[PDB]
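Sequences are here, hints too, so could you generate the full structure?
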Amino acid sequence: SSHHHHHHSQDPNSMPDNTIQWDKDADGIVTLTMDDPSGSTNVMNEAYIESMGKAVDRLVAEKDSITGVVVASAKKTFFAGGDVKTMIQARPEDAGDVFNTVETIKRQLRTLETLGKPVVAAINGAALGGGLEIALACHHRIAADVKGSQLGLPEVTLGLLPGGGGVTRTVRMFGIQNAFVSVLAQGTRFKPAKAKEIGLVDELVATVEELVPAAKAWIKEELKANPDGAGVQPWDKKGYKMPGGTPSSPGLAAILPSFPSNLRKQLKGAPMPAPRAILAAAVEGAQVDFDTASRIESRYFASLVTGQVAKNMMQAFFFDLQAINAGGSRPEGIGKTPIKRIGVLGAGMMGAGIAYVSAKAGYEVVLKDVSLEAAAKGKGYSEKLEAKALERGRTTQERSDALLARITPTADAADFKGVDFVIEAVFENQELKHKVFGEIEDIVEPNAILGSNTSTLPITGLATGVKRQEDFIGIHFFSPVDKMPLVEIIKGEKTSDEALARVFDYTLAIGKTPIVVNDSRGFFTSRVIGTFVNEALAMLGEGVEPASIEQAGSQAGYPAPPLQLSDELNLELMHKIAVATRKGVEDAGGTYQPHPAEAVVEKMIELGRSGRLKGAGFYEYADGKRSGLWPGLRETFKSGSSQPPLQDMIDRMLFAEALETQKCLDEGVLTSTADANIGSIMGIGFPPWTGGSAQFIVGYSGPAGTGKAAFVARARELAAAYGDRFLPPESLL
Amino acid sequence: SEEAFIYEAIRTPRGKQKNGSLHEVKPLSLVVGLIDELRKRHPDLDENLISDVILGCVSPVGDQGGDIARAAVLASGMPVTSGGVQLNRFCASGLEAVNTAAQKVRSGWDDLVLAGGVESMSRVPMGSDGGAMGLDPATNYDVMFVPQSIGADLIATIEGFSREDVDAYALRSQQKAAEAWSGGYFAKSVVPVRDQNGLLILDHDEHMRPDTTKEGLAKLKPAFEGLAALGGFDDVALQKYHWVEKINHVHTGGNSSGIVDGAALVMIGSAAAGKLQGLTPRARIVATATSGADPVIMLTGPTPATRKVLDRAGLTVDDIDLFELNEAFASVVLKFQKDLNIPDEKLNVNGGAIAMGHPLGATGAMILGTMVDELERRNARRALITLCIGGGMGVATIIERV
Amino acid sequence: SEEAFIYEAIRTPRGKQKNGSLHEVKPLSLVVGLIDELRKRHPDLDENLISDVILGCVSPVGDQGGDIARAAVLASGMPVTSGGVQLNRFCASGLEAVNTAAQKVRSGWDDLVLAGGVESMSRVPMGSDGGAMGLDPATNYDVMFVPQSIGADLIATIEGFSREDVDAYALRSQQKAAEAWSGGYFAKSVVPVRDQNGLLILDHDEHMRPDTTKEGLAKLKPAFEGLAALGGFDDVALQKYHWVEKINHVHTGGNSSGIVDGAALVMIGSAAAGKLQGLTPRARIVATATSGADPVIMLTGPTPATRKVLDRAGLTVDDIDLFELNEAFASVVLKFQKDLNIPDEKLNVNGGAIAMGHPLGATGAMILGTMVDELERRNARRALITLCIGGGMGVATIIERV
Ligand SMILES: O=S(=O)(O)c1ccc(-c2ccccc2)cc1
Ligand SMILES: O=S(=O)(O)c1ccc(-c2ccccc2)cc1
Ligand SMILES: O=S(=O)(O)c1ccc(-c2ccccc2)cc1
Ligand SMILES: O=S(=O)(O)c1ccc(-c2ccccc2)cc1
Ligand SMILES: O=S(=O)(O)c1ccc(-c2ccccc2)cc1
Ligand SMILES: O=S(=O)(O)c1ccc(-c2ccccc2)cc1
Ligand SMILES: O=S(=O)(O)c1ccc(-c2ccccc2)cc1
Ligand SMILES: O=S(=O)(O)c1ccc(-c2ccccc2)cc1
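Chains as they are written, first to last, in the entry's author numbering: chain A, -13 to 719; chain D, 2 to 403; chain C, 2 to 403.
Careful, some of the hints might be misleading.
Straight-line C-alpha distance at most 30 angstroms; calculated DSBU-like pairs for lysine-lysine [unchecked claim]: (1) A:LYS251 with D:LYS241; (2) A:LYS224 with C:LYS222; (3) A:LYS624 with D:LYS339; (4) C:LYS276 with D:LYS309; (5) A:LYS254 with D:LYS241; (6) D:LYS241 with A:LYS611; (7) A:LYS694 with A:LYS254; (8) A:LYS624 with D:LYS241; (9) D:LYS247 with A:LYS254; (10) D:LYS222 with A:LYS611; (11) C:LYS19 with A:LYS224.
Sample of chain C residues with no beta-carbon within 12 angstroms of chain D, all distances over it, derived [said to hold, decoys possible]: (12) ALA169; (13) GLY199; (14) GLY275.
Not everything, but these chain C residues come out facing chain D in the computed CB check (under 7 angstroms) [as the list claims (entries may be wrong)]: (15) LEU29; (16) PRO61; (17) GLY63; (18) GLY67; (19) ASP68; (20) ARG71; (21) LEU88; (22) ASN89; (23) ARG90; (24) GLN104; (25) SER108; (26) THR140; (27) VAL144; (28) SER292; (29) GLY392; (30) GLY393.
If you are wondering where the hints come from, they were derived from the structure by calculation, not from laboratory data.
Idealized CB from N, CA, C, for every residue including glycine.
Dropping the structure here:
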């Protein structure tokens, strides 16, 4: 009933500040302007709830003198998100308070929506999550087509769902299938033009100054032309029919059982509860009236907020990612150094991809290879990506031609004149990189960054081939560069702080997320992803079915199963690394403990199946595409003789990387867990539901318990059953 | 305690789903016609001694809603004390109705019971009733819902049955069904459907294709008519059976059960009830059993249920003269035969649902009466009837000729 | 002579139809909650020994379609061998499930069986499943279809029950339901409904009006919504009961059963099955019976069914300590009390569906468990449970405390 959180006396010093300004024109149109004084963004917090409660109360009390309502904002954005610092603290015992809070939020929006008067949202900037939910409660939405504006319900990306009516209202507007697929399941963000196209927005204006007037103009016309239906949503009219039908409709009842199966297919059986909950709230809500549907929505929301996955994802994709983008790993007291011309050495898949993202961000790129034929095929990588983006309509023919025009393919070292940023992406060989850098370090500018994209070779050693080692640094990209969002910045022993900042600022400019890693063998990404594939190859050697291995990888939440990923990493490079590691150990006076996967690698080398690059690996490769698992794999390794439970296989892969991440944190390879979590998620594909390979430890949840203590118990379980490599470090004990 | 006997077991012919002869016939009328055939065969029977009418029905909605068994009692003018209950255990509903009627007589608290089933799939299609396991995403996402066809393909993939293997069984069913019809085996148990004026509507199983050939079956395309055509279920099945890499879709319309319309009635009673009403026992219910297996593979429920009904009756496979398993999918029968080493000449000896059709709620009582008639014709002694069911269930029954 | 025992009998609270607490709760969830409560009471129960799950359900469509019993077995994660069958015998479905479970145990072919019912009438309204007896004009015209309320009014007319008479019974039911709740009679049997977060949804029977006065009952109008509001049914009834000039419409929403949501579960097994699982038997199923009377007056089936179960168990009225008849309509209980001369202090002693509601498929199993507790709370010996049924049927059960 009440629009407020409390109905009893509290501490007067605990009264939240006021965030909503009230204004009623002589025509009786009330303009609600949201302006939270505690920050630059209107956010759904305790202050908003109390402020909207007072306003909605006043709307009802003054309903005789009020003809319409306009909901506007005073910030650069409209209304963006919720109070994550408070949501991440909701324990399971707080599920009652969580339920009540979202019920109160929706009780306010339901009153606004059923006022008997037109309510218009003047959306001036981003309307994300709770902001769009506020707008969806209005009867008409007007957005200002302005740079940076986004609209959507991205709650699922933090492990939540739109609990302020976003599920219920989008299903009422678009139907179960379209609401779930297009808006809810993936939290897609829409530019205002696309938002109007799908129905999230009804009108557009050029600038923000036209919004409130256009809103009041629409209120004036709606009352004149449609007085019986003014301020009445489609679902509150007799004769409402849900688009696509209700669950009882014969047409939708035919395909409805395939909705959870298609979801399992998309998620590959990963344990991500949020999309399942959105689908349940969506369908269950379409069976009952709006208010009953809204309350079901609140229960699923409280189920997610109090769960562990939402806490993992809020920690990673909100807190950890904000700290990284704020320059947590960027050295302090360093200024800016804009970049004029980028020089990329190598037109392979890596160097061509680096040139594409560099030219897409507006930089002039010189793409050098050994021959002009090769450099030209390197620019063809960008041409094929632009051609596929023109036929889909995501870029103009004008901006595409200007993108390609910034890519100048060459085979001459002299074309690197005026380059202030070098990104070398040639073969993994130290004396080659020493040679390649020596032939350009004099042609490029004196203050040019000398970056090397390497996966294995140490940076400090590579720097002995240039004169200015202060500006030599490792800039590790990930294939395919156009779709992989991390850049691993590797600091050699002579690398300066200024160089760290310039590559840091470069990474943000091209739209990628940086981490800073100290020089070490395998750095962070390569070292940790190695423990992942090696754990799977060991399973193959032990006799586990290859199909079970790949399912375990997919059902753990990885983007690619480990045998498939091994072919792309090339078993010969895996062997070269194992040989390198053994050489350093046996020469320091010690004894090398080989990983059980090294035998499986060598057996595939002997059988002439070193990976995809040479046409045969754990998979058969026909017509350039992948074509099933090699049928001889089962007889080579006696597949089926060992049948461990699937969860053991899943855990062995997750724990191998979590434990290795802790070693990197202990050794100083990484300086912050934020880098470890985002580095594992965005760099090597650690499953997002874990929040990262470091969050996986503190947020672990199994049948034995929760948290670091339960992680250690399970690691000790795996160690006693599969090998001492699963024993936990002292830092966890 | 009280022994339960089969006194009559009759069925309608099975009309086909497309341009079928029974499409104009209300499913209630199919049952009433069988009730009237029983009266014709026993005019002086005191119907007040009939204490219940148990009809299996998988889609109890529409023409089949509102307790169709009670509708059959009232519409046919049967005594109002004869009750009437509908039940749904999916594919075994017909045989579960008979098994429940048999267990009612054993308890001593019922004397004479009509059991059977009705399913007009051309009028009430499978799935019309809805259900949580399919239309509630929380339940669906967790129980790993999969349609029956993909379980059958998965069985063929694991056990190693090829497309030619399952098509070879399909041809065998068509041949044995045509031989049984030509030999007059079904003459006295298939009751022709007639209209209000006595004009003939259907007198044979019109789904049969007796001129089936191996080449014709090889030209058929894998199944794509219902939930199977929709995506996802293959991946969901392999998430459960993670050691299987690829599912071999070998099942088509020619080696799967046919969608048909039909009904069946069985009269079950104690020795005293038959002696009082002048009825001759045709067979005796020796034992019934229920078990199950994994709900994703789903269709492998018959093997444990048969093993439990044999153990319960103190018998072995060698003591059974006729095996009757419902031909939902060819791979289900081939798996049942392989696992128990059933001899080919004892398995579905008069054809099955691939040739004649599988009218869900009525099938169990049709294939039961089929065995009562074949034991008498062969002068054999024991027969075992079982059906796989959706969700992973299973029902088996042993009858002995009397 | 395998004897059948009741080991557990539980039920949800009953949520009302208008703005009910259970309207957001799927009926499948109502059954699963009661399965989880049985686990809480017997955490070391070998669920593999549970051989069937029989649920009564009168409108098996939508949320209640697709063999909801099987859905409860899979959604609760019970063994796939536990089966699951839905049945529909109208209002008696819940008790017919329990009686069928008893008869299966007596036969010796089932050891431990779950039985009960579920009906979410606010989500799946009565009549949702269609049906020939109501929707096919040929059959409707012949069986003289009439809604139950009109049969109830006719019973009041023929027997001479005034409007004040049925209102006096309605008041008594409200008073005895309030006394039973206040006295804690239902504390251990009514299992509160909670959401996925553990938050409370319902812990009491919302339909009760414990402040009911005989003056407020008199202010109510005979205002049934649905078929009774449409025309013709009065004339159809009097064409059969032709010695009656006019039907006195005495029944209202205050002296007729409530439309509510609810579920009930009963665990039934043999002595050996219970002893093998550390279970204490609470009551013994002494006898069950079915009969019926004319379907136009409809709700007179209880008297021959109660008569039949008494003669079957070798007992009379004076041998029975408690009589529990479902309060579908006040006149039915008064007719039943008059015919058998049931003492007032033995009849529906804890109130009935007029106060607490009548969740069709489940009611027979709720009032069954209600008498199990009241026999134990009074240390009484025998109880007789019976329900009238739509279409003129009747089911009765006699239990004995152990
Ligand atoms: O007792 S009152 O002064 O009326 C009072 C009432 C409520 C509040 C309050 C509201 C929202 C969040 C925190 C505190 C504070 C004071
Ligand atoms: O999921 S949202 O609807 O975006 C949502 C986000 C945030 C909140 C909230 C958090 C803390 C204190 C009060 C409210 C509520 C709902
Ligand atoms: O019990 S508290 O920890 O004070 C707590 C209570 C409520 C919430 C919350 C509210 C709305 C949306 C999400 C979370 C978070 C924390
Ligand atoms: O400089 S070496 O010592 O030759 C050396 C350098 C790097 C590695 C390594 C690479 C990828 C993952 C883990 C380790 C191993 C040895
Ligand atoms: O960064 S990558 O080039 O993708 C790369 C990453 C890791 C490895 C690797 C390291 C140790 C053992 C096996 C393989 C090899 C290559
Ligand atoms: O959605 S993002 O966080 O931008 C994201 C994008 C991509 C990846 C990824 C994909 C394949 C292999 C490894 C990682 C991970 C996260
Ligand atoms: O026989 S059907 O009604 O077609 C039927 C089909 C499928 C299922 C089912 C399958 C897997 C998990 C749960 C239920 C149950 C019944
Ligand atoms: O219990 S009901 O489903 O409401 C139901 C109502 C009415 C009838 C019926 C009435 C008269 C002649 C035949 C059937 C049967 C059932």
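Numbers of unmet hints, in rising order: No hint contradicted; all consistent.
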